[PDB]
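**Student:** Each chain, written out:
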Amino acid sequence: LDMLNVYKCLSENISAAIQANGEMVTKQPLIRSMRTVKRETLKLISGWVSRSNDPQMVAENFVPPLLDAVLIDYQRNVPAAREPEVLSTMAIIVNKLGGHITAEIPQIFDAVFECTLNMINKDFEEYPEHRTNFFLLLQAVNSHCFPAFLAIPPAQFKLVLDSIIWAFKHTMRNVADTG
Amino acid sequence: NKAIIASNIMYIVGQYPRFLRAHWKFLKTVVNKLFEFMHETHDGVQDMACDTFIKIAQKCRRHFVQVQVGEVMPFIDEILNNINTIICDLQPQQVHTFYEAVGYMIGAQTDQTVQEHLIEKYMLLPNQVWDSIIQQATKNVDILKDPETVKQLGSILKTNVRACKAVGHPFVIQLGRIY
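If you read the sequences in order, they're chains A and B.
Each position in the first sequence, counted from 1, maps to that position plus 714 in UniProt numbering.
Each position in the second sequence, counted from 1, maps to that position plus 535 in UniProt numbering.
Hint data in this document are derived by calculation from the structure and do not stem from the laboratory.
Any given hint could be a false lead.
Here are the simulated SDA-like pairs of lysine to any residue, each with C-alpha atoms no more than 20 Å apart in a straight line [unchecked claim]:
| id | chain 1 | residue 1 | chain 2 | residue 2 |
| --- | --- | --- | --- | --- |
| 1 | B | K700 | B | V630 |
| 2 | B | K674 | A | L781 |
| 3 | B | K674 | A | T816 |
| 4 | B | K674 | A | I806 |
| 5 | B | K674 | A | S766 |
| 6 | B | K680 | A | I819 |
| 7 | B | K680 | A | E774 |
| 8 | B | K674 | A | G813 |
| 9 | B | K680 | A | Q770 |
| 10 | B | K674 | A | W880 |
| 11 | B | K674 | A | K836 |
| 12 | B | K674 | A | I745 |
| 13 | A | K741 | A | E843 |
| 14 | B | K680 | A | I879 |
| 15 | B | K674 | A | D768 |
| 16 | B | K680 | A | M771 |
| 17 | A | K752 | A | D768 |
| 18 | B | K568 | B | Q593 |
| 19 | B | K560 | B | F610 |
| 20 | B | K674 | A | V772 |
| 21 | A | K741 | A | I806 |
| 22 | B | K674 | A | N856 |
| 23 | B | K674 | A | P861 |
| 24 | A | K757 | A | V777 |
| 25 | B | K674 | A | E774 |
| 26 | B | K680 | A | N856 |
| 27 | B | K568 | B | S542 |
| 28 | B | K674 | A | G812 |
| 29 | B | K674 | A | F860 |
| 30 | B | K674 | A | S857 |
| 31 | B | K674 | A | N767 |
| 32 | B | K680 | A | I745 |
| 33 | B | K674 | A | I819 |
| 34 | A | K836 | A | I879 |
Residues of chain B placed beyond 12 Å of chain A at every Cβ, according to the derived structure [what the hints assert, rightly or not]:
| id | residue |
| --- | --- |
| 35 | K560 |
| 36 | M608 |
| 37 | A643 |
| 38 | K693 |
Just so you know, even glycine gets a beta-carbon here, dropped at the ideal spot from N, CA and C.
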């Protein structure tokens, strides 16, 4: 719990610094250091759920605090400050928890999906990592939590499927293939 | 009255394997009569008919796997290509006693190659349930918590235990397939 609090503390410290002085700030000691606590925090979270062996207990205790701490934080971050590894960290947990998380896709996709999509829908170049990861996530959800794609309204579903079209139009071989 | 008499006839013929082993046609006629009695709804008849059948199989095991005069195919084949039509009206335990009985026949085929094919088909019916329950568990492990599927896993196993008691070592081909 505390680890999530500090993660969120740093995540909000970084985003502000950027919002106040542009991307450039990322290129200096303190920020790069704060990025590290976040990334290792994510490594730890995903690195454990992977070798965990009690899906439900994991989905009922260690997942809900992720929502406000990491997801809605990733949402409120300025575009330049959002952590790509957030998406890939989440992708891994879906692969593991599978059906046990199918009911949280609504809450999750809200925060990350649309807001991330708007970062990668202008061209095919900017925010590379965000492209790659985003689709590893979408792949995972579709792969182990398909029922979710039915729960949501036709308007949202469409937005999802057209996002896939967008994937396989990419010139980055990996992104287009995942699509 | 007819059931009390038929049972005694079936008891007597069950005590003289020496006579059955010298008269295939009679043995054949007896076995088929037992297969018919296995759809009899009169009290006890089905227990009688199974007891006799396992008895006879044990003591005449060789005659079922080797081609007899007047035939062109080992009796086991007819039996295996019909397991379901014979045992469809039997209770759970009786079905186990039936599987144990055929198991003894299988144990007679000392020829490696053929015994292996016999074994694969012998355990084909129970395997379907197994294979089925297994794939679904590889999507949601909360299924191995389902009262009905657990009831089946029990009966499948129970069936697997009897077959093994009679087939012997060669049964390894099965155990290995699900171990």
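**Student:** Does each hint fit the structure? Answer for all of them.
**Tutor:** Right, here's what the structure says about each hint:
no.: 1; hint: B:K700 with B:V630; result: holds (15 Å)
no.: 2; hint: B:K674 with A:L781; result: violated (24 Å)
no.: 3; hint: B:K674 with A:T816; result: holds (12 Å)
no.: 4; hint: B:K674 with A:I806; result: holds (16 Å)
no.: 5; hint: B:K674 with A:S766; result: holds (16 Å)
no.: 6; hint: B:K680 with A:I819; result: violated (24 Å)
no.: 7; hint: B:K680 with A:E774; result: holds (18 Å)
no.: 8; hint: B:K674 with A:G813; result: holds (8 Å)
no.: 9; hint: B:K680 with A:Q770; result: holds (13 Å)
no.: 10; hint: B:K674 with A:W880; result: violated (29 Å)
no.: 11; hint: B:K674 with A:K836; result: violated (37 Å)
no.: 12; hint: B:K674 with A:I745; result: violated (42 Å)
no.: 13; hint: A:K741 with A:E843; result: holds (18 Å)
no.: 14; hint: B:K680 with A:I879; result: violated (40 Å)
no.: 15; hint: B:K674 with A:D768; result: holds (14 Å)
no.: 16; hint: B:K680 with A:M771; result: holds (15 Å)
no.: 17; hint: A:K752 with A:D768; result: violated (25 Å)
no.: 18; hint: B:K568 with B:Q593; result: holds (18 Å)
no.: 19; hint: B:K560 with B:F610; result: holds (11 Å)
no.: 20; hint: B:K674 with A:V772; result: holds (17 Å)
no.: 21; hint: A:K741 with A:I806; result: violated (29 Å)
no.: 22; hint: B:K674 with A:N856; result: holds (14 Å)
no.: 23; hint: B:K674 with A:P861; result: holds (13 Å)
no.: 24; hint: A:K757 with A:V777; result: holds (15 Å)
no.: 25; hint: B:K674 with A:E774; result: holds (19 Å)
no.: 26; hint: B:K680 with A:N856; result: violated (25 Å)
no.: 27; hint: B:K568 with B:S542; result: holds (11 Å)
no.: 28; hint: B:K674 with A:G812; result: holds (8 Å)
no.: 29; hint: B:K674 with A:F860; result: holds (12 Å)
no.: 30; hint: B:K674 with A:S857; result: holds (11 Å)
no.: 31; hint: B:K674 with A:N767; result: holds (15 Å)
no.: 32; hint: B:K680 with A:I745; result: violated (49 Å)
no.: 33; hint: B:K674 with A:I819; result: holds (17 Å)
no.: 34; hint: A:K836 with A:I879; result: holds (14 Å)
no.: 35; hint: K560; result: holds (58 Å)
no.: 36; hint: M608; result: holds (48 Å)
no.: 37; hint: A643; result: holds (45 Å)
no.: 38; hint: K693; result: holds (28 Å)
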